[PDB]
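Consider the single chain below, provided in structure tokens and representing the form solved without its partner chain.
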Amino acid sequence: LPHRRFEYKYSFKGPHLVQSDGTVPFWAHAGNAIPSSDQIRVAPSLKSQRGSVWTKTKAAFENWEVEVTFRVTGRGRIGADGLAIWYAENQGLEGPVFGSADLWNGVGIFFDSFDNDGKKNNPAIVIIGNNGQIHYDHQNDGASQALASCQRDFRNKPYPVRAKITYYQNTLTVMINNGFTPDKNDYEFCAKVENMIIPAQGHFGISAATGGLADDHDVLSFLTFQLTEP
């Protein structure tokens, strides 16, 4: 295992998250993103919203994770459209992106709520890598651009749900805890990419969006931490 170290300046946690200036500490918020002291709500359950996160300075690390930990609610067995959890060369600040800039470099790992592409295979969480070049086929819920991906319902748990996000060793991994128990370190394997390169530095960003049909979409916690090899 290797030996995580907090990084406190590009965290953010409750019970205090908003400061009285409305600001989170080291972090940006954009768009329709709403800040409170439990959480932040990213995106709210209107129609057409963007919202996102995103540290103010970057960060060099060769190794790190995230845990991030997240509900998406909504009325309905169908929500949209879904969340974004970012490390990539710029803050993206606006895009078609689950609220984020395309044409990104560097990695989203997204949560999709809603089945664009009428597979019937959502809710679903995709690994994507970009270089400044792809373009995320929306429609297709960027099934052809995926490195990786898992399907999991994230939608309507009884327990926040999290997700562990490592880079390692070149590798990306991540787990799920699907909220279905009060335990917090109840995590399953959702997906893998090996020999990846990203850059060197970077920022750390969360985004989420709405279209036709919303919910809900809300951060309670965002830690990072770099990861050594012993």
Contents of the next structure:
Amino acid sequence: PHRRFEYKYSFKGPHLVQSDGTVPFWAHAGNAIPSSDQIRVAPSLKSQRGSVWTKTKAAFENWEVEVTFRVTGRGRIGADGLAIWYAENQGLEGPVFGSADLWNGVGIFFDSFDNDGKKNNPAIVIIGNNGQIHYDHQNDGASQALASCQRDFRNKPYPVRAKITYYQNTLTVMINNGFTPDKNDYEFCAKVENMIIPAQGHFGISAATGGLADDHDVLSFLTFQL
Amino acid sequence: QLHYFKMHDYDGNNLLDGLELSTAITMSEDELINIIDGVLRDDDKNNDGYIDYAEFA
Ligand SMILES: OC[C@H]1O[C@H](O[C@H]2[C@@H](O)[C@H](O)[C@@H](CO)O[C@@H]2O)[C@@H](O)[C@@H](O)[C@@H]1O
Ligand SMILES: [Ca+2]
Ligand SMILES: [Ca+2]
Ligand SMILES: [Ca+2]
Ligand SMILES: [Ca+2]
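With the form solved without its partner chain already on screen, would you show the form deposited with its partner chain bound?
Full assembly next; the chain just shown is listed first.
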């Protein structure tokens, strides 16, 4: 299938922020710091919340996003993690990885912190929501987990990349794990079959920290119409 | 001319997209958007969201 770049739902360096400290077409918020080559969505500080969400909503049936980030801390343990969103409402502030709960769509959580004590972290995790669910934070949402995988994205030597395709009611998540700089050396993580989401709405990205804290930097967010 | 195709191909792909043009131009977002949308409408024949050198001339 053909792809079309959608600048209005994307960002990237080398000149990512405007003079006035704003990212074009995106609303950043809380403790998110945009900068010339990346947004530190949440810094390695206690109890951070930050999020960046598209201003305009977006109407495409099928799409893809490639998202490039680093998550970094001294410990082999870190927190809390990162979250890519497609959904209906801008969910800027809120308890779900910096962002709003009761969300209407999909959220792909890069859970650094093993919150249900299970040793199942760090892990990537897909979660549906129609406007009335409460994300089971303490249980990583292991119960609401449409699907998931166990890939380690912390402290890698190349920025990690996540291709997230929604093609014909099949969402799929590929992952370069920052071991190679081959920006198209994706490994299969997971996949959700037979899944609807709002016809329109925003893309966003968010993250957060608590007692433990990594830096959460996103370098780019490229979005495509299929 | 090619010198100018390249001034703002920062990612190096030999393709300009909306974000690379935004910077070319950098005023309000909507003002900006209108200009970028103009360029794509005007130049982006194959509608991939990029403009190659052919589309540029
Ligand atoms: O320690 C106080 C801390 O409580 C909560 O954070 C805890 C938990 O939610 C986090 O997942 C882990 C890792 O960061 O740390 C704590 O154990 C939060 O409510 C937080 O704001 C608070 O500082
Ligand atoms: Ca967790
Ligand atoms: Ca866990
Ligand atoms: Ca380019
Ligand atoms: Ca083109």
